[PDB]
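Q: Residue strings, one per chain:
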Amino acid sequence: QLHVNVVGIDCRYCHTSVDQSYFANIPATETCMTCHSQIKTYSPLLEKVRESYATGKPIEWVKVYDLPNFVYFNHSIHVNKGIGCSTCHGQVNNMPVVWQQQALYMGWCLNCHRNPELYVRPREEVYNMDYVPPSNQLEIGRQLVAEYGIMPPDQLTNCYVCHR
Amino acid sequence: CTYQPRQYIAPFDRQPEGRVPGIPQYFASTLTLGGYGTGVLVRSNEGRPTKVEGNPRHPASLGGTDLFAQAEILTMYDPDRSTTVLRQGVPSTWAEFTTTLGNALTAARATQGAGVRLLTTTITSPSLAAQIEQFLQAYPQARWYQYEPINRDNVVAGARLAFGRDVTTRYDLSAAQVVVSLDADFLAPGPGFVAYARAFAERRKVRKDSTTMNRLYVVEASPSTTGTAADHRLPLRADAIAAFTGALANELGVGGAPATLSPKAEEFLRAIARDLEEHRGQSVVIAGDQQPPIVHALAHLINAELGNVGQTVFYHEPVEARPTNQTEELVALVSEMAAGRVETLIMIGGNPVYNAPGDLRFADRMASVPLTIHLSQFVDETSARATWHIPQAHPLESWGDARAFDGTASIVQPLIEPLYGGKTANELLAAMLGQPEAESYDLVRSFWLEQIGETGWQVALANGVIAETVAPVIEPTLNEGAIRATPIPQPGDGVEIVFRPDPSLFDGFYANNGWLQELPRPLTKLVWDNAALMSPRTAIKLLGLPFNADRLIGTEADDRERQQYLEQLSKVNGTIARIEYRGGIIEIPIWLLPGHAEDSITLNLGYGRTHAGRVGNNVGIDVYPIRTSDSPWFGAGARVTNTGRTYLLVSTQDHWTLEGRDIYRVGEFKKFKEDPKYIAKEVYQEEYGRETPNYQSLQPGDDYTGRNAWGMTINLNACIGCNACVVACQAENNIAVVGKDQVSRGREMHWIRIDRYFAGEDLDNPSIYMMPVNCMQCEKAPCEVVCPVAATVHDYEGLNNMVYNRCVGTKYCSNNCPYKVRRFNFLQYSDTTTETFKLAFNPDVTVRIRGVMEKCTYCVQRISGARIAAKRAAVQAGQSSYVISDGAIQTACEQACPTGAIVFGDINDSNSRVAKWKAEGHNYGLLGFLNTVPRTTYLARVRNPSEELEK
Amino acid sequence: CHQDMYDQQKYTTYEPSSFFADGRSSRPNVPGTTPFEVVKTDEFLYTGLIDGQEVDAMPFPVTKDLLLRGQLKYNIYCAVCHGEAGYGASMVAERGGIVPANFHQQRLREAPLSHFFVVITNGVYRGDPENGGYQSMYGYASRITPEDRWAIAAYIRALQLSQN
Amino acid sequence: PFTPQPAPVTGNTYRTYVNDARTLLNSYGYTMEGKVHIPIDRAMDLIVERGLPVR
Amino acid sequence: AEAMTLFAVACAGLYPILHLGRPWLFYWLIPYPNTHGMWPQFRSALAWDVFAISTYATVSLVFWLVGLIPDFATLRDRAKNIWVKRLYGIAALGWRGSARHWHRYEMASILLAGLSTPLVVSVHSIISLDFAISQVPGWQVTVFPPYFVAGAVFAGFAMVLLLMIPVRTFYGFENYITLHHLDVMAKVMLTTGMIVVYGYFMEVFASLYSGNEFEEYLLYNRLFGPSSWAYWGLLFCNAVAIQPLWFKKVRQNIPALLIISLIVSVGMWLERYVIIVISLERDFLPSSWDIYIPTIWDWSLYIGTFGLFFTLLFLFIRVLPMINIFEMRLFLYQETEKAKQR
Ligand code: HEC
Ligand code: HEC
Ligand code: HEC
Ligand code: HEC
Ligand code: HEC
Ligand code: HEC
Ligand code: SF4
Ligand code: SF4
Ligand code: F3S
Ligand SMILES: [Mg+2]
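Those sequence lines, one after another, are chains A, B, C, D and E. Note that the first sequence ends on residue 219 in full-length UniProt numbering; no numbers are left out. Note that the second sequence ends on residue 1026 in full-length UniProt numbering; no numbers are left out. Note that the third sequence ends on residue 189 in full-length UniProt numbering; no numbers are left out. Note that the fourth sequence ends on residue 111 in full-length UniProt numbering; no numbers are left out. Note that the fifth sequence ends on residue 464 in full-length UniProt numbering; no numbers are left out.
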């Protein structure tokens, strides 16, 4: 909430790998240290961040959105085919501490893999969560499904799509 | 209770520079079998090596690699890799080692260096060869003394006899019509195996447009990987290949010697001498290292006769730096330590306590040396004997270089910082040079910068190869008299053991590799153990077995009774037989090999190790301490007596002959040339009485018109039994290694298996047929209709979708798949505990829990990744098409086949290689009568035999 | 509930490892190593110095798609604590007091493009050997590929030309 | 565990500077010494048209 | 008969759960609402098996409970301990043996027999069909559902023999279970044994008549293979030893009848071995040929399921009566009424 809605950094600054790989990059210590070697270092809320970047041990973040590890989510194909964050993560830009917005089911994943027109957006995947889905979501969704090459649900509900 | 545990997740402190996290990176390196390095692409998953592919720019890797390169991953992540410097078995540091090494150095610099000695393997590393040359410069009385047990002494002694100069021979097999292999194993792993296999099989792959197909003759004692692929294979004793080669020289017209033979052998020899002298310049005569130096000398003389030199046989500068006779250098070294002269002995690899011939009694003269040195890579049998054992860095974590079979000299790259300490041979040789704490990066930079330049070193790091350096072509004169003035030794005393490299263990360095011990041995399918190899006639004459080996003789009029008698000839396998060699007794179980030469025994070097890790701690029975340094490859005195005490010899197949079914379809090149579809027409006329079958089916299937339908193509003319495709699909897909117990039960976990089938008349000189069997990816799959939780289903792309997380384990899906390619995790086979084995798992594939099914998925991590890549690049351009390239997906067991028999791609697109292969008339699906409609189809093995041995 | 392959034995992208010393399965780059078919044979593409000084040129010619790639890579990384206009005055510059430099001063307009590329790569400043010092922008070599850093330099020049 | 109510932030945000500079990028205009704000996607077209130096 | 059907069902029904190796996910074969949105395949024969054993278990339990309600009403009325009268009372539901209750009794029992009669034929046809839909040469046989139905009646009549000759002798129920009872039960076992021997002939005819190599090698490997001992013991057990039952004195001889029933059960087990294991040993590809040897744990589980069967049978013969008290009183009425009208 303080960094994205207030300070205002785009999510590809810290999650730099969100449109290239399956894994959206979890931010390293150096990403914090471009700002926090000057923007109030010697602060108690950053002693772990300053303990890293001096000793090599990682700051041991806790995974909020967690899949069971044979599901093989790909981030790049979701952001590239017109699905932005806040369809899958909610308004993270307003989150002081991040919660999981919904349970990552086969129901939810197969719901978008069977009706991709309800959640697809005209690119601007990495735009801040000021985006609102319009009223003509069926119309603009069908045009963006046919425009991005979103495949029929007989192909996207295949098991070797996700599980491998 | 919560659905999962918390799952802490660790980012970096400083990010790696050039990589996006979650994307594998490919690095070029070099991996050496017997010093001769093959260029590899090693996948870097998150900065660690995970999968070894072939570097496509390298010689001896024209896309593919052999199996030892493919199992270098599990060699690297062995938990028993040596972790620390050990002084006397007690751990020490590098500083203590270097202080003692400086003390030993100043002890021998007062003299010129009469006590300091080395022992390496064959070093094709110009950095390391340079460093040992400066060490011999600083110590003029010090000597090198290189040795490996699977050496190349007879090719270089044949060069010495033939030309008076150490030369190498590089065979261009793409311009060959009649390849003749007098006990040669160029289709087995070794020097230039992948390039020779690629050239041979590119001349083997026959289409309708193909008007030329080559002809292989192999004359061998042990059946081998080269023995299968030949159109004519003569089982002749390894003592008699010298006489056979002399008779070939007699009939071809050069100075040789007359010889006497069995009439099958003599008719075979005149057939060779008629196929040779018909293809002058278009023939190759190849000898293998096992054979004596006069065999290589006479092979040089024959290849000069037929115009083969300079067109299909190329003599080159010696790529092995300084070449010697390594067994002569060994008996020189053992006599030196027997005299007490040797003071400082330095060993870089090699396992010389274990790998030596046992007549030298190497370990007893090892303790005569006060201060020994071992750079070992495993706490081994020699590092137990020697003092100051040093951890050797694995090639995947080392900086260095290695010359190929043509002297390419590619640069070994570290994909990770060295795991357990890690000190390379360049750093060890720099430590004995005098200066300490020199890294292998700076050493090979300082050798290779200023030799090819920095800007050339950058390209030599990016591409695998070095552009400028190569072995230059030389044409030495051939002494037709000095070859003639040689005995050409005559065969025959009695039973003769041939000593063979193990096809999966090589010299025994890979004995701790879990994948390679589990991997079935070519032509025997024995796993986890060593065996003496007999002919059925040989064991009937030697072991006192109450059988005939003459009811095996006959035609197709009594074929099934012969096959049943060969099945009755089994269950005598595993009989322990006491032999007596020259002072040595091995007491090894026997395994029957129908292709074997009579009165010949194949003992496989590589087993019987004592100080390997948890894998292969006592696996096999040791062949080395009976082996004699005078004739390291064969000897003619053996006393095979029975013992009783039958041992469990474990095989993957169990049944040897195809029992009169349409599994492996064989043809001839003349009738295939006149009619390509005649192979099926002769099958289907006997089965149904119609030339074309009409397989009506009730089930519709799916149509697969406008889709990318993935299919596999396997050419039986090109596959040899290399078994690198099994290790590749093991490494890529995290298939667990089960022990000897579970293969004894019959629960090996292999997604692709090689079917060896021994089918032919007389059944003691048979035709051997290797067939890869992965899943056929059956369009109308019997294996999906039965599995009740809908866990194996078909997709849009037509490939069988085995879902490990849905399997409950009914194993019905096993019983209904007619090819039995599915595999069940009966116990917890996957290594759940050992962290080094957890590092070797490729994270793009699920590591399977107990109780779920397993089969090859058309290597669907690569299909899914190329699909996501095509769709991302299509939406980045905006085409809305998603067109995927033909070369976009190369499966691992396709990417690692050296012969290129496995071909994969889209079959709906007619431009693809696999669809052009499936349009051929000799394409056939396995078991067509079950209406499965396989996507993995086979090309029938079209042979090119000669007019003299078949017609 | 059964948790069979939910947390598999294999190591994921940023799965923690007890075997490695720092606590990271993902290992740092080995020094002096390059991937397949990626070379540093041209020094101007991967560092700003050919003869050791500033160049005021580029390796590749400027296209509008390269310029827009530089725009996007600027607006992710660079425009926080420099402003979308490039004047320095952003909101990271208000809380903390970094005092970033505006682009459109004459000192940077006279400055070459290779000066910019060296600034993206290596940040700027270092603690002086006497009397101490600090580092200011910390360098963005790990996050931006060097071709994209040259694209950022091209859109810097577009920004200076836009405001002059 | 109902959906959290994330506390509505106050103070200045990045949006004021961001849309001020987004106005400053297009839509022409003047400054202290610069002759005219040539807009981005017009100044972008001009800077490719007169080109950057190559090598 | 109903009691050992229920106990053999409890012994059998553990095996689909037990043979999985992920047995905690047995409910995935059941169509249940999940967050995944997946379904059982429903064209698999194990998917038919789950419905089949569950319906068969529930219907045989229902038939046992309605068959037990009036005998519960008698046992409540004679219990002589006060707390046991409530226990058999709520078991009987206060049955109140009466017309307009007996009408619905005979009506529902005849009609449930009419429901369960095609049902057990189909449930053992579906136990056949988990081989009979499979493409294995010894398993794809069209005769399999009536032949498995006959083999099931044959082995079950063997078991009812082996477990009711002691119930007739040790518990003094000689008047209720006469010698003509055992005569007619041997006759019905003889009928099903001939249909099973006919099924073996049909297998031999399928293997000889067909020109396929695979059916012929099936017959060879059953006759002269490594596991051919079970097929020879099958034709000794289930075929040679059944021809004694044609003669009345062999049927009326109690030790001979018991021992021949024991050979029926053992050879029936051998028939299942010959059908399943031998056909899975040797298949289309000879590289995929391997011998099957059971461990100590297969025999351990078999003996343990015998223990579960005999334990449940012994609690049954303790707390509940083993002969229908009613419908024997009705049979007494029908016998004396036949003795009246002649
Ligand atoms: C995105 C990668 C960029 C680019 C292209 C530039 N910056 Fe920075 N910048 C920051 C600060 C505190 C200053 C003043 C002093 C300094 O860094 O030492 C600057 C100044 C510049 C310059 C002038 C050259 C110099 O002395 O450094 C240039 C060419 C420049 N910037 C380009 C701070 C930041 C950031 C705060 C965390 C961010 C992000 C960037 N800069 C990003 C970029
Ligand atoms: C600048 C682009 C930032 C980076 C990247 C990160 N932080 Fe920061 N953070 C920044 C500012 C300008 C502010 C508000 C002003 C202030 O300093 O209070 C914040 C706020 C925080 C704070 C509070 C104090 C602070 O020193 O900045 C914390 C503890 C914080 N953000 C956490 C944090 C972490 C862990 C970061 C690495 C991923 C991180 N921030 C990056 C500036 C920037
Ligand atoms: C809607 C908001 C979706 C969510 C939830 C999930 N996916 Fe998806 N994903 C979506 C589309 C429209 C596409 C590409 C369409 C196409 O042309 O294929 C994807 C892409 C994938 C892919 C690529 C596979 C393929 O395209 O063949 C996979 C494997 C994938 N996404 C994985 C995945 C998983 C595991 C999901 C649950 C967390 C998931 N996606 C959700 C749209 C949406
Ligand atoms: C991505 C869109 C998927 C598709 C296609 C399929 N599976 Fe999946 N699966 C996925 C998710 C995100 C979930 C949720 C994890 C959870 O349990 O909530 C699942 C769940 C399953 C499960 C349960 C896993 C377990 O309990 O061990 C199974 C067994 C399962 N799905 C089966 C399955 C099958 C057979 C599929 C092909 C038709 C299939 N899934 C597709 C992701 C996706
Ligand atoms: C739709 C589905 C989305 C999209 C639109 C976004 N994220 Fe990602 N996200 C998603 C899942 C299933 C997960 C966890 C990964 C898993 O296997 O469970 C995540 C998680 C992240 C992460 C964690 C690391 C990881 O993905 O492996 C990061 C970091 C992250 N999300 C960032 C991110 C950003 C910046 C997004 C906007 C472009 C974004 N995600 C979109 C599912 C989805
Ligand atoms: C410093 C700048 C910063 C940027 C900007 C930022 N994040 Fe993050 N993000 C982090 C850090 C650190 C983590 C890991 C800590 C955590 O899990 O909260 C993280 C992780 C997350 C996680 C947790 C995922 C998981 O399972 O751990 C979510 C959700 C997330 N980012 C969403 C976003 C989105 C969407 C954006 C783009 C608007 C964004 N973040 C922008 C720093 C940032
Ligand atoms: S399967 Fe591939 S690697 Fe193995 S022998 Fe055949 S071609 Fe060679
Ligand atoms: S045998 Fe092969 S093709 Fe047939 S169902 Fe099994 S995996 Fe599919
Ligand atoms: S039948 Fe199905 S239940 Fe599993 S073992 Fe096979 S995928
Ligand atoms: Mg988890």
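Think of the hints as simulated: they come from the structure by calculation, not from any bench. It is possible that part of the hints are untrue.
Derived Cβ-Cβ restraints for the label pairs, each shown as a range [claimed, not checked]: (1) A:96 with B:907: 40 to 48 Å; (2) A:204 with E:165: 27 to 35 Å; (3) B:657 with E:333: 57 to 65 Å; (4) E:416 with B:657: 29 to 37 Å; (5) B:543 with A:98: 51 to 59 Å; (6) E:165 with A:151: 45 to 53 Å.
Facing chain B, according to a computed beta carbon distance under 8 Å, are these residues of chain A, among others [stated by the list, open to error]: (7) 107; (8) 132; (9) 145; (10) 154; (11) 177.
Reference excerpt, derived from the structure (chain D facing chain C, CB under 8 Å, subset only) [unchecked claim]: (12) 62; (13) 63; (14) 64; (15) 65; (16) 70; (17) 78; (18) 81; (19) 87; (20) 93; (21) 94; (22) 96; (23) 100; (24) 107; (25) 108; (26) 110; (27) 111.
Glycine included, C-beta positions come from ideal geometry on N, C-alpha and C.
Q: Which numbered hints does this structure break?
A: As far as the earlier hints go, 4, 9, 10, 11, 12, 13, 14 and 15 are violated by this structure, in ascending order.
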